[PDB]
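Put together the whole structure using the sequences plus the hints.
Number of protein chains: 4
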Amino acid sequence: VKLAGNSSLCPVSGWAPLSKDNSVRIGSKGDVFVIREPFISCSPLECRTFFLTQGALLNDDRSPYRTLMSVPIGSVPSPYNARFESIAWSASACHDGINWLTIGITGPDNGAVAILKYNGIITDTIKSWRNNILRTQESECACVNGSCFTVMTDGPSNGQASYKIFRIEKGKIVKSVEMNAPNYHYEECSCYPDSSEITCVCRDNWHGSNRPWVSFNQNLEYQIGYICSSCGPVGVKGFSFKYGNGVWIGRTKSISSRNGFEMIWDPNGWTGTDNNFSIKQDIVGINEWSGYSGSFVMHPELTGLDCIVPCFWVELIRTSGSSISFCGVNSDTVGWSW
Amino acid sequence: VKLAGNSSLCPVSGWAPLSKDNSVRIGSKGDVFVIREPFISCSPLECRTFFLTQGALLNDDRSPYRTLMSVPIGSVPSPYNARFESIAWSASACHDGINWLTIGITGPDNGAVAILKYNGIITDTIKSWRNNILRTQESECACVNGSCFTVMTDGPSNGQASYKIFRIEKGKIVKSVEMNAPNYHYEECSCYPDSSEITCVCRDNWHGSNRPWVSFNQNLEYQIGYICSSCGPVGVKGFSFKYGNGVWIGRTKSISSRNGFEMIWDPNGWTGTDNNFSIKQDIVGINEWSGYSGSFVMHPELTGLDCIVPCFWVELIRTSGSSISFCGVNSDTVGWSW
Amino acid sequence: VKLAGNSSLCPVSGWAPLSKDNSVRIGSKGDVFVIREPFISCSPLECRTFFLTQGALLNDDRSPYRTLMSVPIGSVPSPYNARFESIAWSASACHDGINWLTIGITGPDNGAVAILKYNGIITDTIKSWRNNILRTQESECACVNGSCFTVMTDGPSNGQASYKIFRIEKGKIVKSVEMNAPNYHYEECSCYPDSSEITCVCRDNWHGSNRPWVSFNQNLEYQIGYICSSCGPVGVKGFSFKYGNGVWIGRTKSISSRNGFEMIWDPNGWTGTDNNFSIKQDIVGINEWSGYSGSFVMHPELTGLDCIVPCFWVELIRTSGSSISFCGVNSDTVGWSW
Amino acid sequence: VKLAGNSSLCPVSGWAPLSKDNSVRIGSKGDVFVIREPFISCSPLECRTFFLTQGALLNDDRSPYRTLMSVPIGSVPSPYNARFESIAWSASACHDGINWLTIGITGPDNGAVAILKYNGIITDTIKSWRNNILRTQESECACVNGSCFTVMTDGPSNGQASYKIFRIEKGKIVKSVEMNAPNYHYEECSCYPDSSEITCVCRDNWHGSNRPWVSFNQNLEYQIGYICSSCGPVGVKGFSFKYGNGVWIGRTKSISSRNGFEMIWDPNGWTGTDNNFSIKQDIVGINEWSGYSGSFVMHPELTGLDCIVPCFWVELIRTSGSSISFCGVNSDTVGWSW
Ligand SMILES: *[C@@H]1O[C@H](CO)[C@@H](O)[C@H](O)[C@H]1NC(C)=O
Ligand SMILES: *[C@@H]1O[C@H](CO)[C@@H](O)[C@H](O)[C@H]1NC(C)=O
Ligand SMILES: *[C@@H]1O[C@H](CO)[C@@H](O)[C@H](O)[C@H]1NC(C)=O
Ligand SMILES: *[C@@H]1O[C@H](CO)[C@@H](O)[C@H](O)[C@H]1NC(C)=O
Ligand SMILES: *[C@@H]1O[C@H](CO)[C@@H](O)[C@H](O)[C@H]1NC(C)=O
Ligand SMILES: *[C@@H]1O[C@H](CO)[C@@H](O)[C@H](O)[C@H]1NC(C)=O
Ligand SMILES: *[C@@H]1O[C@H](CO)[C@@H](O)[C@H](O)[C@H]1NC(C)=O
Ligand SMILES: *[C@@H]1O[C@H](CO)[C@@H](O)[C@H](O)[C@H]1NC(C)=O
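Residue numbers (our numbering), protein chains in the order written: chain A, 509 to 846; chain B, 509 to 846; chain C, 509 to 846; chain D, 509 to 846.
Among the clues, some could well be false.
A pair counts as met if it fits within one copy or between any two copies, since identical chains are not told apart.
Below, in silico cross-link-like pairs of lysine-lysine (DSS-like), each with a Cα-Cα straight-line distance of 27 Å or less [as the list claims (entries may be wrong)]:
#, residue 1, residue 2
1, 750, 788
2, 678, 510
3, 761, 510
4, 680, 788
Please keep in mind that the hints were generated in silico from the structure rather than gathered at the bench.
Shown next as structure tokens:
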């Protein structure tokens, strides 16, 4: 049965641990893959962890030999249980309630091609349009009403690039618009469904200490801006969750360095520029080194609830480190020091 | 289909071997986890072995990095086939006939939080109430009428602590009472269903050479006392099985040391203080070293019987050793020397 | 659906390779168990290989620590994919069309107990009756009409022992007779169903260069004698297949040594003492060393045929060697030199 | 549900990557089999990779000990997840929509026998007819209307051999014709279904720099000739795809050496001898070394389409190298340099 995604995002007062991936103590003598920036996506039956690898084992990069593989959430990414998904140096994935959609980018940095697979079968492709490193989300893609959306970027990492939003049905591209977003930069977008709309929070690698966002409907009509908590432009992939005018911001404790990770609830942060917030919870302590982060969601079809549960993953730098994921609850929680 | 648990416990005249877990001869060159105190719980389809580990392999502790994992009963606890359940330094688990319920305690010894998962999804949480090492059963939780109960302790290991009984439905806490049990100590409780009631036998680490018990109904009304075989207070986790006024006691042969393991049937031991018994069977010989023990059960939905079959596991110290489990029969059996 | 077993055994003019088990070239660096005398039994869905092991890996005996494990036919017997069945130093197994029946013998040589499991659950037991090494078939048990039979021996390996035939339904012993067979010896019996009867060919370790057999019905009425091809008494486990008065005999080429293996069709060999035969096929060459052999069958429920297909396994000594299995066809075949 | 195969082959304007098999970087410390010339075949649910091996692991040939094994496409061919199919030094396989058909050749070079299995059961056999190295396709067999066809060769590799086409239903040979094809040589035939006909393109190892083909119906009526792109005779296994009078030819870039791999669309190449073509795409660059190649297809029952999708695999020499497979699309693609 196809995912609906017409319900609202669940109100969460706190965040609690879900799983720990990329364990390295097991890797000391065990056959385990050397992976970086794993991402999590969920089906109606189970959650899975996706990663890119060249097959390099520990105790033993745009590459045509680099592939996307996956294991059940919390499992060890070993060559003996990882499933093969696609060939890609940049990739994203999601489940539409029927099967898995996998989007992978392979080929030369001057003529890259994205190969779209549905249930293991190649269904479509999309070739570079500005000929300069085609790249995708490196996260879960959002699905609403059996269709799964995504945001792709082609162009310079330090300048004005072209951005395109794609609606994909059963592996095929049915609609696609080009964004008019001058002076915005949208790399590594973290997207989630909310009441039959798609909301994405992206990484500005050009001139934005704050994070840009794009919001769009199934027809691909869109709005843009920055999280005001300046509303204009003022990096590492991140995320946030919209609740009316309030926003849950995932960020480091330090500004100049990668230290700590905390989740702040700013009830007027979507539209206001004030620094006020109501509550805060420590996810990662100041001594640890925080790194890449992104969101994923658990749909009603999986949780048995009448709303969508917001979750997220933080990769701790330590080097590779570990990818710890957490999920949102409305019950009591404490700060966490890993 | 949800488990009923309304039938009585099966009368057993003897105990016969079921499986051997934590094998170490296989571990000499094989990638196997270093585990301690594994516990067994059964679903309607299969029995599984649960353990806590940091990912340390052999031939290579309250920790936020310590996790709960599981393998099919009798299988090798390797990184290539263990399933991930939760993040916890103390944990329990059971199946309600529909899905798995996993209860894990993580966080700081001064503010621990128990995370309750149902079918892999976080459904609820319960924060420490006396702020002193929240800890659970380290065994199977009991289920009756689709609801699964448990007993949690918060407080000193050598003094008067607070004890709370929790009724959990589909991962959520629907009811919870605090026990009034002055001069009792209830750690590591081993619980089983019997005719729509829950009976638990616990470890008194304070001032009880005998074992305290608590018995309660679905509504959480309860009675307490000691196994009289003194009825008041006179350690290592253990178990016993109630049959009217008779009790099957799992204990060591020696008193001052951990030597041997035997099962004694005292037909008046629940309420009497006499040392008389009718029958006895050796499970483990005097030379071997016995250690932690606990019970688990096999429901009619799994066995095809019209009663609940009592089983149990003994960890042999040897160090880690091996966790051998046995099940109750009404057929001929012999003593066992491992 | 339960197996019927009311059809006749399929007429075979030849034998063709099925699978190769116990590979050792893979074991040179791979984690593989050290096993001896593996046996094959089939379910309606798949065939599986069973073996006993202490967990000893290569490149690293009546024992309470020795267990019975299994892998899909042709698969490598590694600790990462072997399933646990039971604890035993002597064992047999078969499928009744619904679930697996496993019979394992454990305990002391002076008071051994056989533990009968059905679908992983202990259902019954049978204690030694002459107190001298209880031992079973080390092969597949036969099933006819949802019930599975077996032949067990208790007594000296070089003298007159007691033999008992057991009919088992869903793991429980419903009927059991003691054989009156003076001057016969029946160890390691290889049994198969044929038209709602059970036929077993056993190893005489006392005073029979030929092989004794027992034939019995569901009610356990029986006949005994030797394969005449003397009809009375004149070792290593073996087998034969009855077709009217003709018999297919699996034997070595040499008499005084373990060299070669051949299958001979003697159309009057069941009842005649003549040395005449019609056809012969080489399975194993003279240079190789043959060893233990036994039979198993593939039922109509698995093959899609209107008869039961006779198969067999030969362990080549080489030491452990390899266990090669073959199946009967009515099509052209050649001799085989491994 | 049985495969129909009555639809036409899908028109493809380009070829895009599907999977990478035989990875060796993983093999540096991992337990992985040493394999050569793996082939791909697809079922209605999944695609699988087949290979022959003696069990030799890396970091550790007609042989009765050599077997055919398989893993999911893109998975590592390790001893811990490879499935056993048959015993053979030459083999082919395909799925008929119900189960797997496996054809393996074993036995002596002077009296080889092909063993046909269906769903793991031996169903039939075919003995050598010219007594000189019986050999099969080393690829996927074609299936149309629940029946699966194949082409087998018996005779010299440098002269006139006998060729026979076999129609197999549920593992049994129902029809078989001998080809009259003087001065033709047909080894390692790559076959695919197209509109209820079977088309095969073979390797002429005798005196043909071009490739011979045979085309036949379910009744086994056939036509022969060469791909004209001379129509008569003018090596390494290869393939081509027929689209009316046009042909998609898989070949190396160099003539005298194994360098590069490209796919050329010659709209009149089936029947014309001209060197003209409309389009060309690079699969493998000139520096790399190309080697064995063959075709396989993805049926409507798997893809959800109303036509059959043509795919193919190229083994890159590097030694073993890697087996990269591609599939046909009608969307934009680029050249590939591995
Ligand atoms: C989503 O759509 C389903 C019908 O497919 C409906 O039953 C459900 O109530 C809708 N939920 C919301 C929040 O609109
Ligand atoms: C969802 O898609 C269906 C067609 O499958 C359409 O009829 C319906 O209007 C859509 N609903 C929304 C909320 O877009
Ligand atoms: C338990 O409840 C079921 C109904 O769900 C009933 O059929 C069964 O007899 C009851 N067993 C006992 C011991 O009360
Ligand atoms: C079991 O729960 C059901 C509701 O699901 C309730 O109606 C019934 O009375 C309960 N029975 C017992 C024995 O508690
Ligand atoms: C075996 O019994 C079944 C009924 O369960 C019957 O249909 C079949 O014909 C019988 N076969 C023989 C050989 O008697
Ligand atoms: C098989 O068992 C059934 C009962 O399940 C019985 O009615 C029938 O007579 C038996 N048939 C044979 C051939 O023993
Ligand atoms: C193939 O046969 C099926 C019936 O089994 C039919 O529905 C389908 O249209 C046919 N396709 C072609 C191309 O003839
Ligand atoms: C396919 O086989 C069926 C019988 O299963 C037959 O009736 C039909 O005519 C065949 N069709 C073709 C296209 O050969």
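Hints, verified against the model:
no., hint, in the structure
1, 750 x 788, "within (16 Å within a copy, 50 Å between copies)"
2, 678 x 510, "both (11 Å within a copy, 24 Å between copies)"
3, 761 x 510, "neither (40 Å within a copy, 47 Å between copies)"
4, 680 x 788, "between (42 Å within a copy, 25 Å between copies)"
Of the hints listed earlier, the one the structure fails to meet is number 3.
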